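K.L.:
Now for the letters of each chain:
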Amino acid sequence: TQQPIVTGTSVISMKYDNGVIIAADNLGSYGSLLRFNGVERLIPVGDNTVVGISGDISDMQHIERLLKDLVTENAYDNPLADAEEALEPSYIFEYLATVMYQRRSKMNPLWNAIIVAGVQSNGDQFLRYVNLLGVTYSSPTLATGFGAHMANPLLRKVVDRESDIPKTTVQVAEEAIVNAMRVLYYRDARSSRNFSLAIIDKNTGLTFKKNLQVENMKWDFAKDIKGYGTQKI
Amino acid sequence: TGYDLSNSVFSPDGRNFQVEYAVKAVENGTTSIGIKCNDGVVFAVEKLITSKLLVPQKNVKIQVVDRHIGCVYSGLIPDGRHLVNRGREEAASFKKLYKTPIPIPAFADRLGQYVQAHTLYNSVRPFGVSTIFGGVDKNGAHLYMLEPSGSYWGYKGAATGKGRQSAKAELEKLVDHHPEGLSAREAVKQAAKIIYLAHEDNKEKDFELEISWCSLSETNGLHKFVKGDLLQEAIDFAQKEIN
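Sequences listed follow chains a and T, in order. Residues in the first sequence are numbered from 1 upward in steps of one, following the entry's author numbering. Residues in the second sequence are numbered from 2 upward in steps of one, following the entry's author numbering.
The hints are all genuine.
Derived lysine-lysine pairs resembling BS3-like cross-links, with alpha carbons at most 30 Å apart:
| hint | chain 1 | residue 1 | chain 2 | residue 2 |
| --- | --- | --- | --- | --- |
| 1 | T | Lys59 | a | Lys68 |
| 2 | a | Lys209 | T | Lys96 |
| 3 | T | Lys97 | a | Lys106 |
| 4 | T | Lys96 | a | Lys68 |
| 5 | T | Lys62 | a | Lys68 |
| 6 | T | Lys228 | T | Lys48 |
| 7 | T | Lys97 | a | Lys210 |
| 8 | a | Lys210 | T | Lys139 |
| 9 | T | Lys97 | a | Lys209 |
| 10 | T | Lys169 | T | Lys206 |
| 11 | a | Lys210 | T | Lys96 |
| 12 | a | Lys202 | T | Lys225 |
| 13 | T | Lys228 | a | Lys202 |
| 14 | T | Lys96 | a | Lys106 |
| 15 | T | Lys48 | T | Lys174 |
| 16 | a | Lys210 | T | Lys100 |
| 17 | T | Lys204 | T | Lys25 |
| 18 | a | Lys68 | T | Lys139 |
| 19 | a | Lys209 | T | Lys100 |
| 20 | a | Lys68 | T | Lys100 |
| 21 | T | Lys157 | T | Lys100 |
| 22 | a | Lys106 | T | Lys100 |
| 23 | a | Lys68 | T | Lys225 |
| 24 | a | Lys68 | T | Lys228 |
| 25 | T | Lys97 | a | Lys68 |
| 26 | T | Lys139 | T | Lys225 |
| 27 | T | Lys48 | T | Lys206 |
Honestly, the hints are just simulated from the structure, not real lab data.
Based on the sequences and whatever the hints tell you, model everything.
P.N.:
Here you go:
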C-alpha cells in the first residue's frame, strides 16, 4: 500500500469506423502543484497499439519499461516478430491486466488507470480499460478520471452503441476527442493545455501527434460577470 | 591416471581434460564464423541439410540477445541455447539497473564468467560449444569468440567448428588485404563465400546458408537477419567464387 505522488490526469479514447483514437495531456502534477509540463503519457507498442496511462507517474515509467522489455522478449527466437507473431493489442492488454490484478492481490498496487487502444491482425478495433484494482471493461468510448465524467458524455453522443461505429469517420471522431480535451481544460483543475493524440487506423497505421494545444476557447463572456449577486460595478 | 574422469580436476600437467573433451564436441559441430567490419559485425553459419524433409529457412541457428547483440555457436546446439538464455538474463538485469543497453565487452565477460563457473565443480559439465558473438555499442563494433574453458578474446575475424582451419585461412587473407577496413555489405558477401569454402570439410551432405548482421549504417546498430534479395545476392557471389 502506498499513495500516488506525481500524477497524470484523464486519458480519453473512442472507436471509429476504421480504428481507434486515444489522447492524454502532458502534465505531471504534484498534488495541487502543476510540477512537470513535458510528460508523455501515451506510449506506443509496435505500430498497432498505444497504451494511455493515468495516475502515478513513477508506476507509469515502470509499466513503460515492462512494455519495452515485452517487445524485446517477443523478438527472441521469433523470425515472424515483425509479421504474424508480432505483439497484438489484446496480448499487451492481457499482460498488463494480469500484472495489475496480481499487484492488487499482494496489497501493493500499481496506482494507475490504463487504456490500451489498438487494431488487431484481422482489422478489428481494440479498446479496453484496466486499473489498480485489476478491474477491466470495454466500451465504444473509454475515459479515466475526470474524463469518465466529462469526456464520455460528449463522446457517447457520437458513438452511443456498437452500430454507430461504422457510421463514425476519423474526422468526426478526432473532432470529438479534441473538443473533449478543451472541456477538460475548462473544468479539470489538474489538467494542462498541452496534450498528445494518437490514431491507430487499420489502413493508414499509427499516427502519433505531439505538442497539440487546446484552441478556440470561449472566455470573452467573463468580462460581463461582476460580483456574486448584487454587485453592479 | 583418472584425472580426465571428473570436471574441475587438474591433471599433473595443470590441465582440465574435461574442458579439452568439450572442445572435441565443438570441433565435431558445423562451421560458424564472425566478421568484424567498418561499423559493425557479420555472423554466418553452416546448416547441414540432413534430409529433404527439413523445412528450408525454419530451423534458425543464429540467436539475438537484447536488440543489438548477435550470437552463433558450433557444437552441442542445446548448450548454446542455454548460454544465450543466460546472456539474455544478464543483458536484461544490466539494462534494468543501468538503463543503457549492455556494452559488448561487458556482455562478453558475463558469458565468460558463467562458462568459467562450469569448470569449477565436478557437479556440472563444461559447455560443449564455442560461441561467436558481438554487435554495436557506444564505443563502436565488437566481435568476440568464447571457448568451453570460459576463455574469450576480441577478434577481427573468428571461426569455429569442423571447417575452422579453412575459414581461418580465408579470414586471414581479408585482414591482410583490407587494413583500412571492410564494409558491412562486403562482409556479408565475404561471409557467404567463407561458409561455402568451409563446406568442403562437410562435403557429403548439402547445406543451407544463414547470415545475420549488426551495422551502424545498414541496420541502425540493431541485429537483423539477412533475407531475400540481399541473401540471394550473397549466395550468388559465393557460388561464383567456388567455380
